[PDB]
Each structure stands twice: as C-alpha cells, then as structure tokens.
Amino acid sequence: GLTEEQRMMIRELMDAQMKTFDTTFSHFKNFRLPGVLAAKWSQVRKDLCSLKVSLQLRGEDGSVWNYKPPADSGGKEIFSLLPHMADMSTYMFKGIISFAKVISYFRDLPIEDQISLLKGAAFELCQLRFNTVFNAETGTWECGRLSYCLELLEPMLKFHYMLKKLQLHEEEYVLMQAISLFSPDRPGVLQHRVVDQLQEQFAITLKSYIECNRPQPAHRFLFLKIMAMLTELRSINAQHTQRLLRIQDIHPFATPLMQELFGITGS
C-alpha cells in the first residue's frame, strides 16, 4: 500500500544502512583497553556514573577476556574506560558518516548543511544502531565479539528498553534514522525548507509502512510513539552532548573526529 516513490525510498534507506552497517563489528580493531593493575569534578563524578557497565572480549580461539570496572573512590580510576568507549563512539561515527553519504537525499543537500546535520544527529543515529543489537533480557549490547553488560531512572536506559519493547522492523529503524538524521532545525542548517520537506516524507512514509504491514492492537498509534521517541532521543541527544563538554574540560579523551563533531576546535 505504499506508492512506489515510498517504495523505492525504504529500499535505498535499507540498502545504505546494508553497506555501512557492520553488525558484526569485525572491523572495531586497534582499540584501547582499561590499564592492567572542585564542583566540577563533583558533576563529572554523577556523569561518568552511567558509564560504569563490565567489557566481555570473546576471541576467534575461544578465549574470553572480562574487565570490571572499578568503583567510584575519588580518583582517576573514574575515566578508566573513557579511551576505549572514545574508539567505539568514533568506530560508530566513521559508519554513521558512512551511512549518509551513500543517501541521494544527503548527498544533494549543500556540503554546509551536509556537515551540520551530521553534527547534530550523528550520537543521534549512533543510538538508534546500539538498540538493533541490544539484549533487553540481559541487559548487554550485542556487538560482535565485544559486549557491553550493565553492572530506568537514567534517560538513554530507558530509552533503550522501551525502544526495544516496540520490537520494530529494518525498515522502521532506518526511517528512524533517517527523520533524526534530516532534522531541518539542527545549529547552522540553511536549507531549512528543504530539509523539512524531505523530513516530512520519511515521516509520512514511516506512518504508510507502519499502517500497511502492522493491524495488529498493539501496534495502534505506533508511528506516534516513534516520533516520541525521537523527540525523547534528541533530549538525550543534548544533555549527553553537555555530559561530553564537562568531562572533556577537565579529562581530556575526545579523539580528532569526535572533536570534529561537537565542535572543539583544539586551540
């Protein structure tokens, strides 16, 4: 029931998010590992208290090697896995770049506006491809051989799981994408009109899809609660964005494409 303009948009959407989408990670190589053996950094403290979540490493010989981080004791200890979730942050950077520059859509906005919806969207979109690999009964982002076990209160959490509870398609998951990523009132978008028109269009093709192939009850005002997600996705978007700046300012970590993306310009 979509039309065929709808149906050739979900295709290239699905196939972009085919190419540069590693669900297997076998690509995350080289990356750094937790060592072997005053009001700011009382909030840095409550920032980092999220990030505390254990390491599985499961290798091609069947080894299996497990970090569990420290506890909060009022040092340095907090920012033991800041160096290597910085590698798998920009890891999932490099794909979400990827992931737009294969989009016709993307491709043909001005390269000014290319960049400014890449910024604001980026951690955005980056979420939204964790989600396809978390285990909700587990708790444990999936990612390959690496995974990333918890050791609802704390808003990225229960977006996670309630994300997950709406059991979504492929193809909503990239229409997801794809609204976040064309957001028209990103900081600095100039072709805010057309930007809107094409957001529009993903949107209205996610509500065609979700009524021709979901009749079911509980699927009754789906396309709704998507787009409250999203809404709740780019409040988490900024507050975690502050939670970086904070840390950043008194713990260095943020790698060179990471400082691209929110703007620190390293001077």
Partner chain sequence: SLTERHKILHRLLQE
Contents of the next structure:
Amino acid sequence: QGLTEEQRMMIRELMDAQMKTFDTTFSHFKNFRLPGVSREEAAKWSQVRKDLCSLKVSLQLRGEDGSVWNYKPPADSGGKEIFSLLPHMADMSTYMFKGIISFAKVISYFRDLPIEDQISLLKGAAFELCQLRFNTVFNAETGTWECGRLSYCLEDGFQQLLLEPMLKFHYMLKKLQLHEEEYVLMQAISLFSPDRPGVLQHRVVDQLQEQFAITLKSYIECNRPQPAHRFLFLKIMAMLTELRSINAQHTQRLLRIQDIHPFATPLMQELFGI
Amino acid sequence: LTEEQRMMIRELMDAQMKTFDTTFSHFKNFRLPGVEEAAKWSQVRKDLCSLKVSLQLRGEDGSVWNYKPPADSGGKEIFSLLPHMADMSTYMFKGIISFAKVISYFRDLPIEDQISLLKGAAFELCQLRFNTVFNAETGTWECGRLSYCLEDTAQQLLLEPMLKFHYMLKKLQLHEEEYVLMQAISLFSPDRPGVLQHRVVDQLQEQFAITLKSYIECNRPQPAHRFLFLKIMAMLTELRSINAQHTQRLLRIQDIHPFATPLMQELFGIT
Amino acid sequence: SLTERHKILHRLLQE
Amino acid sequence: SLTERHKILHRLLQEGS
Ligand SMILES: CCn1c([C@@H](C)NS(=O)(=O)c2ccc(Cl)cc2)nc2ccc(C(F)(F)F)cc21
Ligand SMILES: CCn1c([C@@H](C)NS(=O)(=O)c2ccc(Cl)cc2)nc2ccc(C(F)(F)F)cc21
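Follow the form solved without its partner chain with the form solved in complex with its partner chain, if you could.
The complete assembly is shown below, putting the previous chain first.
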C-alpha cells in the first residue's frame, strides 16, 4: 500500500481532467436531432443492414416536469427506416468527442506534444475514450446507457447479444467494477497510443503510455487485495487491446453506412477520415 | 320506414361520410408536448388532473413515439398537453362545422341560428364522433396514427363523467345511422342560448327523434332494444350536462393560462 | 353583433 | 499538413481551457 508522489500527481491530474470535461448528467447535451414523429450496390445494403444489428436501441427522454417521451425504432422493412436514429447518433457522438478533446487538452503531457501528434492521437482514440465513458453510465442490469435525462435501452438472450463485440465489451468491462481512477487511467493508456498512424513522437508517447500503465498496475496493487481482483491489470490491458480491434471494426461500419447514407457531422468526418 | 325518413337518414349519412375523417389522415402539423389568484390555480390544477391521457404516435415506417404526461408537481407541467388538445379539438370542430353546413335543414336556418347551434353543440358532436373511434377493451381512442390511452388510477374511471359516458355509449353498440341521428338531435337543440327560431328548431329535432325511434323499431328485433331510443335520449341529456361542466373547466384554465385557438375562443365565448 | 363576434365561424359557414 | 485537413480539430485544440 503506497503510490509514488509522481504517481499520485499523475492520477490527480487525470481525475481533475475527467471531472472538468465529463458532464456525467449530460446537462449540456441539447439541440440534438430526433427521429421524425444493380447487384453490387444492393450487396452494400445487405452489409449495411447487418452492421445496424445489433446496434438497435430504444430511446427515452425524461422531461424535468416528470413527463416521458419514448421512441421505439421501426423493424427492418427494407429501406431507409433503419437510418432513423443516425442523425441523433451523430449528435450524441459529436457531443462525446468534444468532451474527449477537452479531456486531452487539459492534460499537460498531451499539450506538450506537437499539434500534429495531438490530432493523430485524438483521431485514433476518440471512439475508444467515448466507449470507456459510456461504460460508466451503462446499467448492466437493464442493458441501458443512462445519459442524464436520456436513456438508450438495448432491444430485448444474453448469448445472442454477447455475439456483438461492442455489447460484449460493455458487459465484460462493467463486470470488473472499476473505480473512476482505473477508468481514467484506461483513457490515458488508450489516448497515448504510440502506434496510431501519423504519430511522429512515437518515442515520447510510448514512454508516456508505459508510465500510465505502471501507475495503473500500482494503483491496483495498493487498493485491490480481494481475490475477486486477481489479474485485474492484465484483464484491463487485454480489454484495451480488444477495444482497439472493435474501434477498427466500427470505423469500417461507419464508412460503409456513410458511403450509402451520409450522416456524419463535420467533426466526425475529420476524426474518421471522411 | 317512410320514404321521407329514409331521405333524412341518407342526407345525414352523406354529411357524415363527407366530413368525418375517421382515419384522421388530414390532422397534421399539430403541436406536441416539448421534449385570490392562488385560489384560481388550486381549482385549475384540479381541472387538469382530469385531462390526463398518454399519447402514442405510430410512424409510417413502423416506429412508435409514446408520451407519458407528468404528475402534478406544482406548476407549468400540468399545461404540457393543452396546445396539442387545442389543435385536436379545433380539427374536430372544423369537421363538425362542415357536417352541419352540408345539411339542408341547417343551411335554411338564419346565419345567427347556425352560429348559436354550433356553439352549443360543438363539444357534443365531437364526443359522439370520438365515441366511434373509442376502443372499450383497451380504454383508448384510436385516431388513425394517433392513440390516446387513459392512465388508470389506484369503476375508478367510471367516476369521471365523460369516461363513464364513453363506456356506456359504446356498450349500446350503435349503428352509424344511430350515431348520425344523435348528432342531428344534439345539433338541432331548440334550447341553446341565443336561438331565435325556437319553433322551427324544436320541430326539426322532433322529426330527427321520430326518425331515430322509427329506425330502432324497424331495425332492431325487439325486447333487448325496447328502451334503446330512451337510453340514447338520456345519454344526450347527460352529454349536455358534461358539456356545461367541461366548458367551465376550459374558461378557468384559459383565464390563468390562455391556450385556446381563435376558433375555440369563438365557440366557447372567450374574448 | 353575433356574426361580428364570430368572424371565423361566419367565414367557415360561407364556403 | 494534418492541421490543414482537420480545421475543426485544429480550432478546438487552439481554443484551450
Ligand atoms: C451504433 C450503436 N451506438 C454506439 C456504439 C458506437 N457503441 S454501443 O453500441 O456500445 C452504444 C449504444 C448506445 C449508446 Cl448511448 C452508447 C454506446 N454508440 C451510440 C450512441 C447513440 C446511439 C443512438 F442512440 F443514437 F442510436 C447509438 C450508438
Ligand atoms: C381532456 C380529455 N379530452 C377530452 C374529454 C373532454 N373527453 S374524453 O376524456 O372522453 C376523450 C379523451 C381523449 C380523446 Cl382523444 C377523446 C375524448 N377530449 C379530448 C380531445 C383531445 C385530447 C388530447 F389528448 F388530444 F389532448 C384530450 C381530450
């Protein structure tokens, strides 16, 4: 039981950055869009329809007054109805990405990097940091992401949902019952990835990632003696590797959908190379 | 059974078919809930605990939007559904005005009488039309892509006069012809305030009533429907009492929180 | 005076 | 020329705080 002074300061800054840039109540997420009240080409559609399952979520909006609006998506009836929630998704993702950019900006180690590497790191980790943050508001009991007044509920077994990598990721990560400190260190490890395409200061970044990883391993050693947390550090590191694979996969779905039904916001176009 | 009675029913049925958009396909661009004075407010809050319904919107694509109203929490939540209600009522009233306009017996009346009759019966004819789209099994008014379901409280519902009215009327299982004759009897009420041609109106109401009584005698076997005509007439009297009660509620709300459309202001005497 | 106080209804009745 | 192809990101990064 004992972290170095340098480690304590590292966690403190990370936690301070998280508190300053993660609006956990989503109180500032507003003015978003809502769903209205040959052969090769067709092959693309068959694929796109497969990439939207199992993304399907119902949406709930709780008003301050106590009222509730609930949106149930349409069944795949072969068209463009499957894209009803994309504009809203684009607004939510953009909102999350801005919070992720702000997170990175307040970190001293990030600000010291060249502007080009800051861009390269953000492009590479925006999806990942977003999902890590979403996991903290994910209710595994109800299969719902509780985003302040907004709730996104998975469409109603487990074995079937666990087939979707991103879905399995959320349930698996939630089961670990991580502390805020561990989530923020995961975000830092993912952010400072030396192997993102376009990074020039690959050396400094690699050195930074290692220090965040050592800090995470130390934090776990100092606070997790329970036999329920054996190999926790390694499980986290393995999950981060999986998240990187999921990121690449989701990026390929995004481009595919964008190709046939453009919907990405200008910030998203920059982040994912559209 | 007389040829004249047959013609009277035909004109009424023709009017109903031409002016009752049963699928509400033309009801659009409506508003939806966003995503001594103390004595007045206290009464108004009570006038709105009785205007609760959940709302469902089924999109063409198969998607569904569902709205659950807020509980009475203090202020400016109890008025969330008023703008929508104002649009639905206005839409219904326009259909009722069109209905009356196509009726020869109505057109012959002085313009002032036409106005007086419509002001007096607009709520009533609306509720009679709503009854035809009321599903008593689910306690829901099925208005095309829109559905209004009552939110149950901890026989309970039967306490609300308008709700009891809808279940009781639906239980009679009336024909289109009987509903339209009910609308005519309510429309041609000689005792509405402001009517000048009391004699002519009373005579018209009687002829519609005789036609209804005759239709029932001819089209309904016998014992179980022996008093159907009188049950209908009793329901019309009840509806008239409910109309007066709801009108008072409307004015009270309007006084503290104006929301009536210009057409509603004219129909219920709001400056 | 009644028509005067009900212009919309009057308009709707004349079309 | 990363900055030139990512105007928004560039702007957001320059704004700071
Ligand atoms: C494509 C599924 N999806 C995702 C992906 C990238 N991850 S996920 O499935 O774990 C998920 C699902 C919902 C939320 Cl809120 C967060 C994460 N993020 C979304 C945000 C909003 C909405 C939509 F609600 F607009 F459909 C859908 C989202
Ligand atoms: C206040 C309840 N209500 C009424 C009352 C007077 N009668 S009712 O309860 O039998 C009823 C309720 C709902 C419908 Cl649709 C019809 C009749 N009429 C309404 C019309 C539209 C809407 C609104 F929901 F559109 F706001 C609500 C209405």
